[PDB]
Amino acid sequence: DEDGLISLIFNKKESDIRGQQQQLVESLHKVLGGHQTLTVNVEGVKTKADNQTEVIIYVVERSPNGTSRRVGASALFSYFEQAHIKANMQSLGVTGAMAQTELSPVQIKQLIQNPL
Amino acid sequence: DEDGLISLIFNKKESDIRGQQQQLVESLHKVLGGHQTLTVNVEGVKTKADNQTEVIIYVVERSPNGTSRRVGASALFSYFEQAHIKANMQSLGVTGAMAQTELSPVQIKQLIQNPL
Amino acid sequence: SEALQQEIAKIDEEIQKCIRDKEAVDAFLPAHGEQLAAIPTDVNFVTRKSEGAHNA
Amino acid sequence: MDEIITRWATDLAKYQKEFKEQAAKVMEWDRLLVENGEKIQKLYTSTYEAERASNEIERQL
Amino acid sequence: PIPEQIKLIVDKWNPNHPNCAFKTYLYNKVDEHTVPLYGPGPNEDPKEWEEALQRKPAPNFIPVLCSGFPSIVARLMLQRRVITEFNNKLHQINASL
Amino acid sequence: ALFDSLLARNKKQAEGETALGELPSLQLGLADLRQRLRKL
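As you go down the protein sequences, you meet chains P2, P3, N3, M3, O3 and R3 in turn.
Residue numbering for the first sequence follows the entry's author numbering, starting at 214 and increasing by one per position.
Residue numbering for the second sequence follows the entry's author numbering, starting at 214 and increasing by one per position.
Residue numbering for the third sequence follows the entry's author numbering, starting at 245 and increasing by one per position.
Residue numbering for the fourth sequence follows the entry's author numbering, starting at 467 and increasing by one per position.
Residue numbering for the fifth sequence follows the entry's author numbering, starting at 74 and increasing by one per position.
Residue numbering for the sixth sequence follows the entry's author numbering, starting at 141 and increasing by one per position.
Since the hints were made in silico from the structure, they are not lab data.
Ideal Cβ placement from N, Cα and C applies to all residues, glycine included.
Some clues are possibly wrong.
Subject to a maximum C-alpha distance of 27 angstroms in a straight line, what follows is the list of computed DSSO-like cross-link-like pairs (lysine-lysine) [what the hints assert, rightly or not]: (1) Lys243 (chain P3) - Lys225 (chain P3); (2) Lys96 (chain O3) - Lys483 (chain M3); (3) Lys266 (chain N3) - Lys299 (chain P3); (4) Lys266 (chain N3) - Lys96 (chain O3); (5) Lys486 (chain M3) - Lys85 (chain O3); (6) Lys266 (chain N3) - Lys486 (chain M3); (7) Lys486 (chain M3) - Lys96 (chain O3); (8) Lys85 (chain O3) - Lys491 (chain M3); (9) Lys254 (chain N3) - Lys96 (chain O3); (10) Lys483 (chain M3) - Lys85 (chain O3); (11) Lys129 (chain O3) - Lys508 (chain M3); (12) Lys505 (chain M3) - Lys261 (chain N3); (13) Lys293 (chain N3) - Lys152 (chain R3); (14) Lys486 (chain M3) - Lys129 (chain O3); (15) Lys225 (chain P2) - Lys243 (chain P2); (16) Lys80 (chain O3) - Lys486 (chain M3); (17) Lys293 (chain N3) - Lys299 (chain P3); (18) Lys80 (chain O3) - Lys266 (chain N3); (19) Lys96 (chain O3) - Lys491 (chain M3); (20) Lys254 (chain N3) - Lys480 (chain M3); (21) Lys261 (chain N3) - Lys491 (chain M3); (22) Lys261 (chain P3) - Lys225 (chain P3); (23) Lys491 (chain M3) - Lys129 (chain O3); (24) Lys293 (chain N3) - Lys505 (chain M3); (25) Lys483 (chain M3) - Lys129 (chain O3); (26) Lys483 (chain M3) - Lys254 (chain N3).
Chain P3 side only, calculated, beta carbon under 10 angstroms to chain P2, not exhaustive [to be verified]: (27) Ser276; (28) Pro277; (29) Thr280; (30) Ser281; (31) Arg282; (32) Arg283; (33) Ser287; (34) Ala288.
Next comes chain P2 alone, as it looks inside the complex:
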């Protein structure tokens, strides 16, 4: 979870993603609120189909004391799945998202008991 990796599927060709990567990364930064304490990093880009591309990201957050660390994957996924944020993501061409952290049974039970 500490590695903070979120996989995003885009309904865009790989060449289009790479061709405008600066813009894509900044738009993701804007979705996060645009503060200078958050930085979006691209871990990888992979074609999945003619017009489907997976983009793996993480977000580095800086503390008031200058320390930096990655936003945990579960925390970042939780933000992106919020209805308002998901809609903004869909406007960028995102059609899905996944975190790598395998949740514990108690975490899963909590999510089922409180799906919202």
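Fit chains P3, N3, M3, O3 and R3 to the given chain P2 structure using the hints.
Same frame as chain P2, but now just chains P3, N3, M3, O3 and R3:
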């Protein structure tokens, strides 16, 4: 075993136990290390003699993912019987303890082969 | 005589300290003994009540 | 000073001869425990059987 | 020959096993296929171990090293711990009957 | 509880009922019974 119930005999009158139950429960919490991931619960209180009271407890443990479950009875008994912990318990008036789990023959054989 | 008279003290103290454990064993026996002797009488009893149910 | 070594050795042999007995007694007790344990298991089986049979009779009635 | 008897007595009353003189072995039952494990430890003479395994009461039993009194106390501790389990199971049977 | 069940069974035995045949049997014991056994 999953029900986690430990019976404790106290050399105190029932009225004294009930009269200071908040304090008794917190002292047991302290014996366990006092962390906020452990919570002592009282299952029952029963008089056994003029100055003898049985108090049945269990301990709920919370995981990093927010999930909760009871500490298994054997595990909890094992902690309380450790010499340092037993001595602390005796200072609270505990003069005996019992778990309800009926051990298997192989478990019993293991305890006899390694009594410490 | 100091090292000797001290050594004998420490030794005899340790032995006495061991004999305390020996005594500790001796103390915890009869109770446990009764508890043990209780078992075969019950299992030899419960085995009987089972036979009653089975015959029933 | 021999009178001390005598005490030491006498105490030693005396308490050895007793420790042996204690240990033996414990062993015998263990034997008793497992010997009964087998029977306990037999009781578990017999009981489960009885239980199942009673359930069957319940079904029949 | 004085400082030898003393050292030998100091050796007798000790858990270091230089002829501990409180050497008795107790057989702990262990089901197969765990017999290949155990496997003594620090100061076990294969002589004593094998000699214990030699006069074995029944198969699936492994010997256990009882050096002195704390060990026999511990054995008792286990014996009680199993006593209660025995009584409990027995009461379960009783209740179902 | 075995002998108890033997009694209970031998008790319910000699007590009715409407079973189209099996009427309760009279109990003997001791004096008459020994001879009744020998006459087997």
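For each hint, the structure was consulted:
no., hint, verdict
1, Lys243 (chain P3) - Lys225 (chain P3), "holds, 20 angstroms"
2, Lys96 (chain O3) - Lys483 (chain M3), "holds, 12 angstroms"
3, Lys266 (chain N3) - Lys299 (chain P3), "holds, 21 angstroms"
4, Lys266 (chain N3) - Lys96 (chain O3), "holds, 14 angstroms"
5, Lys486 (chain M3) - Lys85 (chain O3), "holds, 14 angstroms"
6, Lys266 (chain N3) - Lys486 (chain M3), "holds, 11 angstroms"
7, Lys486 (chain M3) - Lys96 (chain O3), "holds, 9 angstroms"
8, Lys85 (chain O3) - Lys491 (chain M3), "holds, 22 angstroms"
9, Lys254 (chain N3) - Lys96 (chain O3), "holds, 24 angstroms"
10, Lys483 (chain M3) - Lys85 (chain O3), "holds, 13 angstroms"
11, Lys129 (chain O3) - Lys508 (chain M3), "holds, 24 angstroms"
12, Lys505 (chain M3) - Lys261 (chain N3), "violated, 41 angstroms"
13, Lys293 (chain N3) - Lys152 (chain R3), "holds, 19 angstroms"
14, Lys486 (chain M3) - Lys129 (chain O3), "holds, 19 angstroms"
15, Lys225 (chain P2) - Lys243 (chain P2), "holds, 20 angstroms"
16, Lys80 (chain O3) - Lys486 (chain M3), "holds, 22 angstroms"
17, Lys293 (chain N3) - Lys299 (chain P3), "violated, 39 angstroms"
18, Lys80 (chain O3) - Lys266 (chain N3), "holds, 21 angstroms"
19, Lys96 (chain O3) - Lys491 (chain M3), "holds, 15 angstroms"
20, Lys254 (chain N3) - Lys480 (chain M3), "holds, 21 angstroms"
21, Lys261 (chain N3) - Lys491 (chain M3), "holds, 23 angstroms"
22, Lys261 (chain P3) - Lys225 (chain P3), "holds, 10 angstroms"
23, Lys491 (chain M3) - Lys129 (chain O3), "holds, 18 angstroms"
24, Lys293 (chain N3) - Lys505 (chain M3), "holds, 14 angstroms"
25, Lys483 (chain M3) - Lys129 (chain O3), "holds, 23 angstroms"
26, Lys483 (chain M3) - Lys254 (chain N3), "holds, 24 angstroms"
27, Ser276, "holds, 5 angstroms"
28, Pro277, "holds, 8 angstroms"
29, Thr280, "holds, 1 angstroms"
30, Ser281, "holds, 7 angstroms"
31, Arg282, "holds, 7 angstroms"
32, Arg283, "violated, 13 angstroms"
33, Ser287, "violated, 21 angstroms"
34, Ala288, "violated, 17 angstroms"
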